[PDB]
Amino acid sequence: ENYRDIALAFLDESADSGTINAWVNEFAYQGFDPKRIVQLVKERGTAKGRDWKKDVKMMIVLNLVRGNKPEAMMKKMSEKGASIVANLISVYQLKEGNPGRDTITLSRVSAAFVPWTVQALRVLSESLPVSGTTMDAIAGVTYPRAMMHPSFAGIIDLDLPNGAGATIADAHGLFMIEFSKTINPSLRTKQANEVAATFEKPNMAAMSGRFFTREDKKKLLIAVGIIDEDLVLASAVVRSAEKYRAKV
Amino acid sequence: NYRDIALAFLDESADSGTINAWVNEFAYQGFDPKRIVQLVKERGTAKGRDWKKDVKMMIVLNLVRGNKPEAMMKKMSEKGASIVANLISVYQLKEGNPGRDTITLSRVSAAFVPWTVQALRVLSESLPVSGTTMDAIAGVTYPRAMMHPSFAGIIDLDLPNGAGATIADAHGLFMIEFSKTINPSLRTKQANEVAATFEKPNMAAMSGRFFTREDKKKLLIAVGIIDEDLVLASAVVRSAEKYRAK
Amino acid sequence: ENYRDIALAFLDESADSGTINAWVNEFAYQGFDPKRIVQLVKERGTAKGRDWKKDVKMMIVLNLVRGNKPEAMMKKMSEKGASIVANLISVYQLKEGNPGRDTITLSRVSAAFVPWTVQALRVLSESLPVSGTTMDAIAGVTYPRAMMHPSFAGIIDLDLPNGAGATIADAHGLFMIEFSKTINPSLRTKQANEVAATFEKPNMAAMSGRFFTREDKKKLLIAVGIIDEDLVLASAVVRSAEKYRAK
Amino acid sequence: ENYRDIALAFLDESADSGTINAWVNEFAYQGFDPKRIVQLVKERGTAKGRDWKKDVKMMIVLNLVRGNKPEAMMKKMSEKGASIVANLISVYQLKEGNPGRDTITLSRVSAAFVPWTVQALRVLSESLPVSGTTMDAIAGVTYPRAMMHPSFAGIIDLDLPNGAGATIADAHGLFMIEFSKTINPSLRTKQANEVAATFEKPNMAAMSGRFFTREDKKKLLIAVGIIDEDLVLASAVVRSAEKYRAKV
Amino acid sequence: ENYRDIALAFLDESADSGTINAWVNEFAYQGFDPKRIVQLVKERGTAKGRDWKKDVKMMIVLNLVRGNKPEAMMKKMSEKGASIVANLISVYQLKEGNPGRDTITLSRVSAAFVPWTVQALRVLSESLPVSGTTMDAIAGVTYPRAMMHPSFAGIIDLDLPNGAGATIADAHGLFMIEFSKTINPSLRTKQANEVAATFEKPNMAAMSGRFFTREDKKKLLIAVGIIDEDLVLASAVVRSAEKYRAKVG
Amino acid sequence: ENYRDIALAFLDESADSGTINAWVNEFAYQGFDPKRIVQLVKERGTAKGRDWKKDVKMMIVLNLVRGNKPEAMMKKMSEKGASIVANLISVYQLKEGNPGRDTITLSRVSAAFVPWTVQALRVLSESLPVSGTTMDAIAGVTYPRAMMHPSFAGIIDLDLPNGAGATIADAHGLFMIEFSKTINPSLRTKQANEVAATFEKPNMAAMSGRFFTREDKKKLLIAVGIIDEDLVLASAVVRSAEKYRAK
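Chains as they are written, first to last, in the working numbering: chain S, 1 to 248; chain X, 1 to 246; chain B, 1 to 247; chain Z, 1 to 248; chain F, 1 to 249; chain H, 1 to 247.
A portion of the hints provided could be inaccurate.
[Said to hold, decoys possible] Below 20 Å or equal to it, Euclidean Cα-Cα: the simulated SDA-like pairs (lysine to any residue) are: (1) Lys42/B - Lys53/X; (2) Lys53/X - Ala166/S; (3) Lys75/F - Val24/Z; (4) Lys218/X - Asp158/X; (5) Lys41/X - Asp5/S; (6) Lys80/B - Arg100/X; (7) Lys75/H - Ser78/F; (8) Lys69/F - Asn162/Z; (9) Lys247/F - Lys218/F; (10) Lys53/S - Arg239/H; (11) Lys75/F - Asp33/Z.
Think of the hints as simulated: they come from the structure by calculation, not from any bench.
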């Protein structure tokens, strides 16, 4: 009954933006820890008699083409390929979807080891669920092969000058709205507004990743062709972003 | 023959006050703010713990992740998911709106609103409905203070000139979008049906006997909704007239 | 030996509207018996050692504010109040909705003991699901507080001169179309035509009630302010009815 | 193995139109015998002290307002009325739905004693499940009160000149598609095509009724206002039929 | 490998249209065996014993008017007629729908003993679910009474010269699209395209029937009035077919 | 600890272009091996009776008309035909659907032995689930009988000049969207967009088949009438493709 004084005295408490924003980044939506993924791949890989660095490449390529269901893709695959996939499931304990944070999935391998994933996309652009030529028709120009995977969202700096990261994020969104339509045909009927909201939460988690620094992401964006040394966005990036803005 | 038993009920003591004493007793009340503060105080100090900081953390956790403690942990940083699990243990956190003595993250923000109303000034862009989003929907920069259902617990409806009704409508401009986000099934519905989905528990917070009419006056002034001369901010009135257009 | 002679002769058979209408009202839709409700409240109240006349008042007030779901309203109510509600559920065996005719619900208590319900509305007009000031905005004038509940339909005489009962019925319909929109938000999207048909069957049952006589209903309408002794409708009633006819 | 020759030999087998039509008269879809209903009402009514001619009226009025479930309607009815209903159930052995042909239901009483049922509808038009004013809104004009019951189908002559009987049948169908929507809300979602066929089998049985002759039905249609002495359809009938044809 | 050379050599492999159609009809969808139906009616009928030739007539007439649900039609029928129906269910073990091939249904009796079914339709044209006058309004002329039942599909030769069998099949389809709309009210809402596909599989089975020969069907089509001795289609048949083609394609 | 550096060290990593595509062709979606099907038909066929080359023909005809459920189609088939079907199930161990890759199904026989399947369609066009005349109505012209089966997708070269393979693929898609609607009536309600995505994965597997060479598929397309010797698409093919693009 006299709890009025207790609640009213919370009007003057520390509402500092330092610890509060420190808590939101702590309570931030995080599907998995990239540091944990690399560790478990390294540990379970070297303790098993394996060249994990090669297996990482194979798991990424496997994920970029077949998806994230290791047990399901084996039933419809060449026995020559289905054999080594069964191996990768055994040694690295592969699971499907997004379960626990210490469980290794094919999508998290591509997200953790993105600097190689961003290079593999440059090659097998026509073997993706959404082909390269398809994105070249949707966009006004030839859509950047680097952005043709959700793992690309883990190397984009939103704190770039002039808000360049927001432009790249929108440019990357042009692919994601089609990638979501393909991997989930139920979203095809929905317009771009509803589709964009189906991934804007886990994708935003990769953008605000504390795994790569602001300078590390700068090197990654330059070396792949999204941006140059003078931090100037490519013509393909800006034109792909303005087409995404025309869908919101 | 049962007419006299029933028809003679015309002269019965329609005592004004005791009838309303039953009405104020039967009023729709999701929870008791006095009970929430007590249980946070008791279970917090009996556990050897700094509850005042935990209140801050529980409010921040609620303002960003929602009201499902067990569900938000599965998709959160282990550094953060650890202390959330702590808050669930000591204060016995539950989800939704169950019993009145069960502490939920939404009730902590509602009970300890004077701090919740200050936190919104900071993490405006981390909310389910971002600050800039409300700045586009409203004609001006929508008051950050109103960007949570807990704001309804500090608004005086008995304000002169029906100013409380204006603030209530201004707060409704956010709630119709907050309901659309936390529940995408209401997105298809127009503003009329969405406004009726919260107008019952929200009205309960407005007619709260927890804060007095004078206590709510101090809270509205210190946060920027109204001034000392009881004059509504330009952002409040313009946000209300846009809600009346729905 | 009974081919056409019996059935074909029913063209010459009488079908006057005097005896027929008495059978329709006899064969009428009846949600519950007001005589049965009062009896069960009286019996179960005095046999349990409590003042039922006070409980009747509390059950009516409880119904006028919270509705007709006793088990649900307790979960969101003050423990001081949720305690005495649990009591009312125990002794009078309260149920929800409109089940059997001998099952006592909060809505039937207000309907049976309407002469007190019609007085309580004069007080708690702003605590109703549809507030008094709300009806004052919808109607051209201050809408009669007496009509602010479906229980009011049980005291209106349709056999009033000049069809005055039809006017009061329409005036009462102005509230019911909004009361149905509030207690059931799914009807909010529907226009007044579809909403009016959602209650025009149980409400018509209360209008043609054989519980109160034509003279008893006359006394009730006068003592509450709907009509005067000269059977002249109040200005608030007629103006509220003409707004309902426009829907 | 020579069974092929046996079936082919049915070309010369006899099939005169007299005996064949004699078999269809045994196989025609008949829910009940109107002659049997009238007899049982007369017998069981006169074998008791009951005035059956008055009870027939009450059973028809009871059916036109409450339906065809005597045991169920009593539980939600005034005790003054529920008392005499219980009586009608006792003496005439009333049942519900469409069971045996020798079992008397409230719907069959209205169908057998239709010349009185067709007159009662003129009075209690606003007490029906489908009100009179409702049919006045659906149809372009004031829909004939006589047609506001499935029992009306038992007095319409399909062998009328210029196919006038087909017009009245369609005009009566405008009410039945709404009557079926009300007594069975599950058919409300269905469009008029599916609803019209839910009754087109028992209704067609009443149309081809050998109970009333072609001349007896002529007298009934004239005396109630559906058609005049020169066999000219009323303006309300034809306009209600053309609105029903706009639903097929 | 050498299996590519092996598989590619199936281009030079023989595939005459004669043996293929024999495999199509051999691997064909078959609801029941007409030979089996006649046998079981003969055996179970004479062992009672029954005048089965008369019972066949009654079962056909019963099917042409009430349908294919013996247990259901009895509940709404005159006791004088419902009695002999109950008998037919007992002796010939009548079932409903299309279950096993050795189970006798009222629809299969009319299909097996079609030469009598095709004659009965000439009489009870106005007692059918789809009346004769109804088909006379839908079609430009008086629609052939012979075609007013799905059993008619069992006597039409598709191998007739000038593709005349395809014309009769389309002419018979004009009735089937309305017969399906009546016996199944859910198909009324659907257009003729979707309705025509609901029966085009069991109906095609009756057309390619090895029960009646190409010549036996010729005698049947002539004796009932669909075609003449010079294999010239009736004016009513062709005009009913061109009206069916204007809904289909 | 410094697992960040490890991830960044994959920037200057040996990312090939040959071996990667070698992994893609290894991980490519493959329902079955056409080489394996022909082998098992040859082995299990000669090891019992038997004229397998005739059985291949019968199994193809059986698949083109009844589908891919050997055990189910027997229950509704002539005993004369159901007998030899039971035989084919015995000797070649026939199963249904798409299980293992070493299990022989009726759909895989038609896909493996497509050069004969592509000739049978020219005859039994009106016995198919989707009749020939039906496709003649959907398309502006007489739709190529050769394309009237999913097995046709195994002989189309996507690496054809002027992107002709993409045109034939779209032309073949005009039939598949109707074939999927018939064999699975649940897809009938769905529009062409959703239906086209239900088969675009196993069908694309047949298009990129390493079984037939680019030159072998050329001979097959010419000899059946889809394309001529000058690699010019038939008028029926291009017009059927532009109608598929309209969906």
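Going down the list of hints, with the structure as the test:
1. Restraint check for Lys42/B and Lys53/X: the C-alpha separation of about 57 Å exceeds 20 Å, so the hint is violated.
2. Between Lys53/X and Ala166/S the CA atoms are separated by roughly 34 Å; this puts the pair beyond 20 Å, and the hint is violated.
3. With a CA separation close to 16 Å, the supplied pair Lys75/F and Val24/Z stays within the 20 Å bound.
4. Straight-line distance between C-alpha atoms of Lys218/X and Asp158/X comes to about 14 Å, which keeps the hinted pair within the 20 Å bound.
5. Annotation: proposed proximity of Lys41/X to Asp5/S holds, straight-line Cα distance about 13 Å (limit 20 Å).
6. Pair hint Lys80/B plus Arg100/X holds up; C-alpha atoms about 13 Å apart against a cutoff of 20 Å.
7. In summary, the hint linking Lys75/H to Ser78/F is not supported, as the alpha carbons are separated by about 38 Å, beyond the 20 Å threshold.
8. Distance restraint check for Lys69/F and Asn162/Z: the Cα-Cα separation of roughly 35 Å exceeds the 20 Å cut-off, and the hinted pair is therefore not satisfied.
9. Distance hint between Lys247/F and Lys218/F is unfulfilled; the C-alpha atoms sit about 28 Å from each other, more than 20 Å.
10. Restraint check for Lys53/S and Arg239/H: not satisfied, since their Cα atoms lie roughly 50 Å apart, outside the 20 Å limit.
11. Straight-line distance between C-alpha atoms of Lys75/F and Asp33/Z comes to about 13 Å, which keeps the hinted pair within the 20 Å bound.
Against the hints set out earlier in the document, violations occur for numbers 1, 2, 7, 8, 9 and 10.
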